[PDB]
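Consider the single chain below, provided in structure tokens and representing the form solved without the named molecule.
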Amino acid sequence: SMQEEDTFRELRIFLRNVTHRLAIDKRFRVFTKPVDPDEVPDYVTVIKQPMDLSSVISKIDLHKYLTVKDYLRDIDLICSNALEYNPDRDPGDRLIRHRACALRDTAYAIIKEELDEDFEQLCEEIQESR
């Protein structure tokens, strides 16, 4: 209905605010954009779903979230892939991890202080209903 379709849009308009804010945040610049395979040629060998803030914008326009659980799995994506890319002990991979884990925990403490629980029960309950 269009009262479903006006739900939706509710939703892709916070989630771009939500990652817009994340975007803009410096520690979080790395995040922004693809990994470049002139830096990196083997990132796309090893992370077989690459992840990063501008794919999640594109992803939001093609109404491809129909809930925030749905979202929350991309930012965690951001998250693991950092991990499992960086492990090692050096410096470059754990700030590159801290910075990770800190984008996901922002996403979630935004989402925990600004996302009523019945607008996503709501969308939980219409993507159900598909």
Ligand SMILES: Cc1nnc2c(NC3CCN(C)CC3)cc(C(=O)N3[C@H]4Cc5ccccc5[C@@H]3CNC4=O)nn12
Second form
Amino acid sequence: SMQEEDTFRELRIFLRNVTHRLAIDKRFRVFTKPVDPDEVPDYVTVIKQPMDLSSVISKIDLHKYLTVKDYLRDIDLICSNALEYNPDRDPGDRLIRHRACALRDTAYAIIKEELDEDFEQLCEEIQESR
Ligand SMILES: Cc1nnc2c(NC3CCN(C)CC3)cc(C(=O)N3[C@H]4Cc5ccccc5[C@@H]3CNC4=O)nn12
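Got the form solved without the named molecule; any chance of the form deposited with the named molecule bound too?
Now the full complex is given, and it begins with the chain already shown.
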């Protein structure tokens, strides 16, 4: 319905805003663009589902997220990819992991404080009906 399309439009606006706030955070610079195979050569073959904040924006705009839960699955993927690709004790690896965990925690904390749970419930019920 038209009221349902208004719901999903509000969801997209909310998701773009959260994503923009993560993207402008200096700690999350390495998550703002897809990992480049020329700069990180052993990546594209080891990480099956690459995910980053620009690809998240593209997915919002293509109407791929119908709930915050779907959006959070991709935020989780940015974090899980960094943990998987950088598992070593070395500082470089530990720094990416801390930044990935911090990006995930920040997205969840923003949504916990600003997302009305009845708004999410409505999105989930429209999604389940389709
Ligand atoms: C994500 C993600 N997951 N793991 C990594 C990582 N790992 C390092 C850990 C330490 N060892 C020794 C080398 C591999 C490095 C970068 C990274 O420094 N990037 C990425 C993504 C990106 C995006 C926007 C702006 C800057 C960057 C920089 C430069 N080019 C890249 O492709 N990202 N990354």
